[PDB]
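Model the full assembly from the supplied sequences, consistent with the hints where possible.
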Amino acid sequence: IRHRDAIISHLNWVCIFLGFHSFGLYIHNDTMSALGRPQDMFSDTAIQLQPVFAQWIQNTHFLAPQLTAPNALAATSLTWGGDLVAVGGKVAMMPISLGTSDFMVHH
Amino acid sequence: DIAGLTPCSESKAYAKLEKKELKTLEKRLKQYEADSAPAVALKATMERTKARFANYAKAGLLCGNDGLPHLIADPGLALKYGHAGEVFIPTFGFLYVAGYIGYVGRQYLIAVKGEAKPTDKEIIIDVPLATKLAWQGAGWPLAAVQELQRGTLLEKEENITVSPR
Amino acid sequence: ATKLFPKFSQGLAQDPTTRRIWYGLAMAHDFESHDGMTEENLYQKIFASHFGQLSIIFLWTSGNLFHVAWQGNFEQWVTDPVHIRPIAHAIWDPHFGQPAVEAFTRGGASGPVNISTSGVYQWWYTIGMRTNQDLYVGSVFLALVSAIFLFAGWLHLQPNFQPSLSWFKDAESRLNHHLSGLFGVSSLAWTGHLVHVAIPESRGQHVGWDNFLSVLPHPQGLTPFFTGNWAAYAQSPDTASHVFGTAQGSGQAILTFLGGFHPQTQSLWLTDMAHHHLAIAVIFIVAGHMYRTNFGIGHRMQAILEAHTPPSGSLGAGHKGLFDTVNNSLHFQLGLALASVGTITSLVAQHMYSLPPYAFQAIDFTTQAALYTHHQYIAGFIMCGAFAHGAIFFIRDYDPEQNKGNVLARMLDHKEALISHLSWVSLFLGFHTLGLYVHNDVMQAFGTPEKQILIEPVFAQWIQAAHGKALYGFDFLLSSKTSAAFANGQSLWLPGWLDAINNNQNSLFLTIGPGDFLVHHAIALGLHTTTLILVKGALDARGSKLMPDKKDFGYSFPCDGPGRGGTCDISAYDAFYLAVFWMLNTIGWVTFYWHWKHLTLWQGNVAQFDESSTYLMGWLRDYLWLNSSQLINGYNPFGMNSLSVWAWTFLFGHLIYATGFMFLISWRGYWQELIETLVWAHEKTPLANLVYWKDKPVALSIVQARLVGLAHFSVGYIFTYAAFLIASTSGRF
Amino acid sequence: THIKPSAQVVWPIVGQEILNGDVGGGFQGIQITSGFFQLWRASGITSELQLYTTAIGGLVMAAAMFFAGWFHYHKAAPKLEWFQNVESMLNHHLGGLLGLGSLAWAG
Amino acid sequence: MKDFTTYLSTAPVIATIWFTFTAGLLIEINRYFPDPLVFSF
Amino acid sequence: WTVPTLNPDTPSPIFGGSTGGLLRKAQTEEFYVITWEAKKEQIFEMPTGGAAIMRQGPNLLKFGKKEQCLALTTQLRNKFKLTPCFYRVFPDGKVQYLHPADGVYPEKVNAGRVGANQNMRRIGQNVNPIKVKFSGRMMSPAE
Amino acid sequence: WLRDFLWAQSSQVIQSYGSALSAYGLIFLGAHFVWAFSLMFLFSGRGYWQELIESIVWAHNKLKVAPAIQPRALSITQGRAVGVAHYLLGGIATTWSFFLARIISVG
Ligand code: CLA
Ligand code: CLA
Ligand code: CLA
Ligand code: CLA
Ligand code: CLA
Ligand code: CLA
Ligand SMILES: CC1=C(/C=C/C(C)=C/C=C/C(C)=C/C=C/C=C(C)/C=C/C=C(C)/C=C/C2=C(C)CCCC2(C)C)C(C)(C)CCC1
Ligand SMILES: CC1=C(/C=C/C(C)=C/C=C/C(C)=C/C=C/C=C(C)/C=C/C=C(C)/C=C/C2=C(C)CCCC2(C)C)C(C)(C)CCC1
Ligand SMILES: CC1=C(C/C=C(\C)CCC[C@H](C)CCC[C@H](C)CCCC(C)C)C(=O)c2ccccc2C1=O
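Residue numbers (UniProt numbering), protein chains in the order written: chain A, 431 to 537; chain B, 63 to 227; chain C, 2 to 734; chain D, 109 to 215; chain E, 1 to 41; chain F, 53 to 195; chain G, 645 to 751.
Calculated from the structure, these hints are not laboratory results.
Be careful, since some hints might not be right.
[Unchecked claim] DSBU-like cross-link-like pairs, simulated, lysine-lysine; straight-line CA separation at most 35 Å: (1) B:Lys120 - B:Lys74; (2) B:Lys82 - D:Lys112; (3) B:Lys81 - D:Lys112; (4) D:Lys112 - B:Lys105.
[Stated by the list, open to error] Residues from chain A that keep clear of chain F, each with C-beta distances beyond 10 Å, as calculated: (5) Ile431; (6) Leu455; (7) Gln488; (8) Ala502; (9) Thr506; (10) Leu528; (11) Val535.
Idealized CB from N, CA, C, for every residue including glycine.
The structure is reproduced here in structure tokens:
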């Protein structure tokens, strides 16, 4: 309670920073694709913001039964990667890739 | 033929709509067995549809170019060409009930005004008094016009108004 | 210390905060709340401000003319005006990509351009312009006129020309002159233009400044006029084989009474336009010789008002004391002006689409849509301002003792009845319109479209059949071939009127069904509720039971505190504020109805409206969802087209509207403490406390953020619907 | 894999029998999305009678909980020093509630 | 049970009872007289 | 009673430091000082945030706003039954006494304090705003 | 997100009329109603409604039907609570209808 001003000030600043650098990315892409400049967007093709940390964690949990969980026959989820499980023709669960769109929406 | 409308008894889009709805229901029906609960339900729904269309066409309704029945709100056009039971008669059928509700509420309020704690007879309904008034308020037009003719329906200007009146 | 910006308010100039800037931006034109303002100085500053508004308007028209003449294709549009698009101006956007330049290259241009939806092409082509030089010259002339008005505004601020207060309060001569010269002689000169220039240019003959003293408007010049043989001017009208702009089936008449539409433009004839403005000119000039001036004859308006007291005082003291009430009140006159102007703007909208005046209009669908939506939203805003200034009158200018017993005090005496009856009408209309719409929705949902409450609007259909629309068969007045109203006008307007009203390809008295019924009752709901809010704010502007001393706080004050249960949005300003929402909704309903009825007419699919408009999922899907298909695909990950600007603008309005939600829902006190924290953060941050504010950061005030949320809301509403309209109409057509 | 899970039947009163959709298994009802069928298959139900008796047991336990509230307010209500034994409450909610509950569910 | 019947006389319980009765009456009317669009009988 | 002079030798309560304290308004425009004599050491609540320990005897405390000083005043008067009195200090050293401006607290009479801003009419006996129009500045009919 | 999510995946909820999922479309439209209805309470303030209410109470007094329990406008806090309640209800229920109508059909 004695330094709530520091707390809320830094929280305000990070909210503003994140609002800008998370929504203005969407506005930038809207402006670029509306102006006909898809090479200037924030996409998996033009300007990649790849979520490399989550991708590394996906690969770290996919390769987990081989090294870091030897008694596990498979990974906890198929979302880390690998083969899909399809039941009745429908996909039950399959790997989930993450790219620039996922970066932006996570932020 | 009031506003260019065709009667639903001789409207073609009306019949096409009946056939369309029955075709939908029999399309749902063909996937079920002879005597099952879905089959009986869909058969009952088909019969309800047929009866509904027959009863609307029998009641002399007017259908548009879409085949849907169009109501006639004008008295004089409804009373002349036999469409009074569409908007005009249900008008008074509503107003009787609505003024009945309002008059029972008014009578209950006026009745509980005189008590010691009148507000507690509004969160806690005096169901004896309420039922008595709800039964004896069926003559609300006569009693209302008699309260109007005596001048005891409207409050005088003891009403709480504002500084610039 | 004390600042300098609010020269008009010393209380604001001493404000150490950022509220000074905003409130000085928003009190600049409230001249009667200025420091050291007198009534005469008020009227004089208003005179000069009106001169400035005139100059700005004329510069605006000059700029439209200039850009159409320069970056437009007017000389090309007059050749093929049903297939060439109107160019508003060119685009130089350094942010464009190559696809955007490839995409906005429309209408036969060499670069990116904006397709005009303002209808100025059709108007200028109708009134006689065929050349870019004509529009260039008109722009020069209107800029010179704007210069003249600006100089006059400076001039009538000078000591020896500063008008007196009584000269402004002189109403009889202002009315006489503004009725004869400003209205009737202006119509006379417009008839002169039509007859001399517009009609012959429509008949192929070029009539410009260089030859209008050398050619005649009629083969028998002025002999028919000075000898009373005025029918000779209706001798040879334009035939039905006439094509506009050339002399094929031209005709020689200049003042006809044909009625209806030109068959090739689907617009009004210029000849009965000339006769129109001539009759209007005569009527307005005879009307302008009514009130008393320096010549001994006329009326004194005070006498007409004071004599108009009915016996039995059913109106009280009648209109006794109202002349000094209107004359000495600028908000009363402003409210009357805004009422009349908004009502006639609604008239412009409702008539310009059914009786389209300009050639090749009604075939430019986007132009019609933009014009209607435009003038209707303008009318709504103006009509809200009318009641707003009526409230400001009740507060700032109303004298209860000088209006002792007249009609204006009789309004305040029975204000509760007005407000309660308006509330009843709004309540009934909303209950029942929503109930019928939800009923039809549920019937469509349950697969039974035949159980809807479809009420045939037979009153409006009876009116239409009285006008001669034989679709319904009332056979009443003008559809009755064996009637008097039919037999009397048959040598006059009727043939064209009936040929134009029985045609279902024009917007003249469209056929209507139960969807029209339901949406007209929604329109009534919106009107009655908007005027309920506005009338309530005007009448309770001076006092309520929650606040009988409300006049002592002004027009726009935030609140009276949390006491007495809570007094938020209690001012009249806030009543206007809450009414702007209901106005925007009303006009949105109006324009949705117009746009969908006309989108189904133009597509030949009026059955879609007759079926789907009776329930609200029809309005959602088949109107909002269906017609958004090209708009939002204006740009996709595959590319873009010329509708991408309208897509971006669509999302723009969706952003601004929602941003107004921020000022509308969150209120001041969360933000003031937030800004306190940010002040601490700035004062304690190294390398940044070097930089310090001169105006103390405070949150937006209550009234201010109300206005700001309303402005973000209105801008987003307007931009979103404009984008949707122009894109869903330009995408199809 | 073919039949849609449905557990809510609508009465045919004002036309809402159209809401009794063709879900499958010779049934007409509202396709539920709460996942109770999967939960019950995972429990090993395999009979509607077991659901019936589970419902009756749930009603018994509901009446028990309401009797318990009435009891622990009106008949024998604990003191403040009973509620304030947070050590005991945590020990019990961890051993018996979440420990023995998971053990029983494991059984 | 004078107090219990006083409780059942409260505004929300009476409203629940009365609207349950009204809704049931309308429902049974709409069962025994299905799809009443006009006043034909 | 006479106007007391502010003693700068008065100690302050035991506070560990906050962020809700003084800002550049104290250095530029003004700040406020509240004093009180305590009978014991009591942990009170700072209006800026956090709890401080008042000292046995006289205390002194800085604040950037008068509302802070009167908040603590009502807290010390209602919860501790003390009699505090605060000032207004200007950065140039000028001290201006504020709360018990006559010695007694303003809810009690003092038999000699002058009535200011008292309209001797009823609130409905105020004139209409048309009568106070064009009085220079925008003026309420209450004047 | 407009085009390919909120407009594309809305095709199942707005065309659900006449089918088993029509109630989902109904709660789409009604939820859009309730959400916007919340804006009557969030954008506005009590002091307007108290004066409207007292002008209505005048009409009730004139007809001798003014209640003994005096009609007040809702509290300020209550206005904000009602507004946020209707806002959340309408928005969440709109999303609920859209989701379920989409995914019961296409999934
Ligand atoms: C406010 C606008 C409005 C209007 C005018 C209507 C009108 C109607 N609706 Mg629609 N509806 C609405 C809103 C509206 N609805 C809304 C908002 C919804 C969504 C919830 C619906 C959903 C809906 C459905 C789903 C259905 C209707 C139906 C109907 C019909 C009902 C007829 C009926 O019940 O006969 C009642 C007839 C009477 C004579 C009863 C009158 C009342 C009293 C009982 C008369 C008094 C007699 C006696 C003295 C009482 C004895 C006293 C007692 C204490 C013993 C009618 C056309 C039904 C239909 O088929 O429509 C065509 C239907 O299935 N409506
Ligand atoms: C679309 C509507 C909308 C928008 C844009 C905002 C925006 C914001 N809100 Mg608000 N809010 C809204 C609706 C909205 N709110 C509603 C409906 C509510 C419910 C009552 C709230 C309640 C609310 C609270 C309670 C709080 C916020 C906060 C914030 C801020 C956090 C994000 C930020 O600073 O990022 C940066 C700004 C943006 C992301 C906005 C878009 C700007 C883009 C990036 C473009 C920038 C343009 C650029 C400068 C070019 C200028 C052009 C030139 C011509 C001028 C920001 C000002 C928080 C805050 O202020 O603390 C941080 C906060 O505490 N809002
Ligand atoms: C013949 C003499 C004469 C004339 C021509 C005018 C003309 C004018 N006066 Mg002046 N005035 C006069 C005598 C005259 N007055 C006298 C004698 C007095 C003192 C007794 C005044 C005192 C006075 C004051 C105090 C003010 C004016 C103002 C004005 C202007 C009105 C605002 C405007 O532009 O709207 C004109 C608008 C119209 C004519 C449109 C209305 C016509 C119809 C109804 C509208 C619908 C059709 C529409 C035109 C179609 C458009 C289609 C297409 C072209 C788009 C206008 C320029 C005001 C002004 O602007 O100040 C500079 C102002 O403040 N006058
Ligand atoms: C002939 C028309 C006319 C005239 C002369 C006036 C004149 C006046 N009005 Mg009235 N008014 C009018 C029309 C008019 N108004 C209309 C049409 C409305 C309804 C909208 C109102 C509603 C109204 C209210 C509610 C109030 C006034 C007030 C005033 C006074 C001061 C205005 C002010 O504060 O300036 C400064 C005004 C502003 C700076 C306006 C704010 C900015 C606006 C909203 C535009 C924002 C748009 C934005 C920039 C667009 C960006 C687009 C981009 C994103 C692409 C002055 C006497 C005030 C008054 O007298 O106080 C007692 C007052 O309270 N008027
Ligand atoms: C969708 C949004 C919406 C809706 C429905 C309304 C509705 C209404 N507004 Mg508006 N309003 C809105 C948004 C909205 N407003 C916004 C955003 C603002 C800006 C702040 C305002 C500002 C405003 C003002 C300033 C005024 C109104 C007024 C009114 C009332 C007008 C009378 C009427 O039509 O009665 C018909 C009523 C309805 C259609 C709503 C009721 C819905 C149904 C019929 C009720 C029953 C449903 C169901 C049985 C109950 C379920 C509940 C429970 C059992 C779960 C009405 C309640 C005026 C008023 O109060 O005058 C009477 C008024 O003065 N409003
Ligand atoms: C029938 C048996 C019974 C009786 C006669 C009483 C009598 C009393 N109890 Mg006890 N009580 C009982 C059972 C009973 N209780 C049970 C079973 C519980 C456990 C839940 C409690 C828990 C309890 C507590 C904790 C308290 C009381 C209190 C009271 C007193 C007043 C309670 C009151 O106002 O009731 C009227 C209240 C109701 C009728 C509310 C019922 C709420 C039910 C349980 C939940 C319903 C939620 C519903 C599903 C929501 C639907 C949503 C809707 C929109 C559709 C009174 C001495 C209070 C007391 O002594 O204060 C002095 C008190 O604080 N009781
Ligand atoms: C608040 C106020 C204000 C404002 C107000 C307002 C704004 C109002 C409005 C109003 C309005 C807005 C009105 C309107 C009206 C309208 C009318 C009144 C109409 C009429 C019509 C008629 C009469 C018609 C006739 C006819 C027909 C039917 C058709 C055909 C032709 C003929 C002509 C036959 C002021 C400032 C004043 C101040 C005081 C208060
Ligand atoms: C989350 C939630 C839910 C659910 C939940 C659950 C399902 C839970 C469970 C829980 C559980 C499931 C629990 C359990 C428990 C158990 C217990 C608690 C038991 C006990 C027992 C005992 C205690 C015994 C003992 C003994 C014996 C007898 C043997 C011998 C020894 C001894 C003595 C030890 C829902 C969604 C619905 C709703 C929301 C919330
Ligand atoms: C509409 C509105 C009102 C007016 C709402 C009124 C006062 C109450 C709404 C309806 C009440 C609950 C009456 C409903 C009927 C009663 C429950 C009694 C039952 C009688 C029969 C209908 C059974 C406010 O008071 C308000 C206050 C602060 C911010 C925003 C607003 C706001 O938006």
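Hints, one by one, checked against the model:
no.: 1; hint: B:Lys120 - B:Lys74; in the structure: holds, 15 Å
no.: 2; hint: B:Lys82 - D:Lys112; in the structure: holds, 27 Å
no.: 3; hint: B:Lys81 - D:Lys112; in the structure: holds, 29 Å
no.: 4; hint: D:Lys112 - B:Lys105; in the structure: holds, 23 Å
no.: 5; hint: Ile431; in the structure: violated, 5 Å
no.: 6; hint: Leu455; in the structure: holds, 33 Å
no.: 7; hint: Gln488; in the structure: holds, 42 Å
no.: 8; hint: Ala502; in the structure: holds, 50 Å
no.: 9; hint: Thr506; in the structure: holds, 44 Å
no.: 10; hint: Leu528; in the structure: holds, 39 Å
no.: 11; hint: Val535; in the structure: holds, 35 Å
Hint compliance for this structure: hint 5 is the single one not met.
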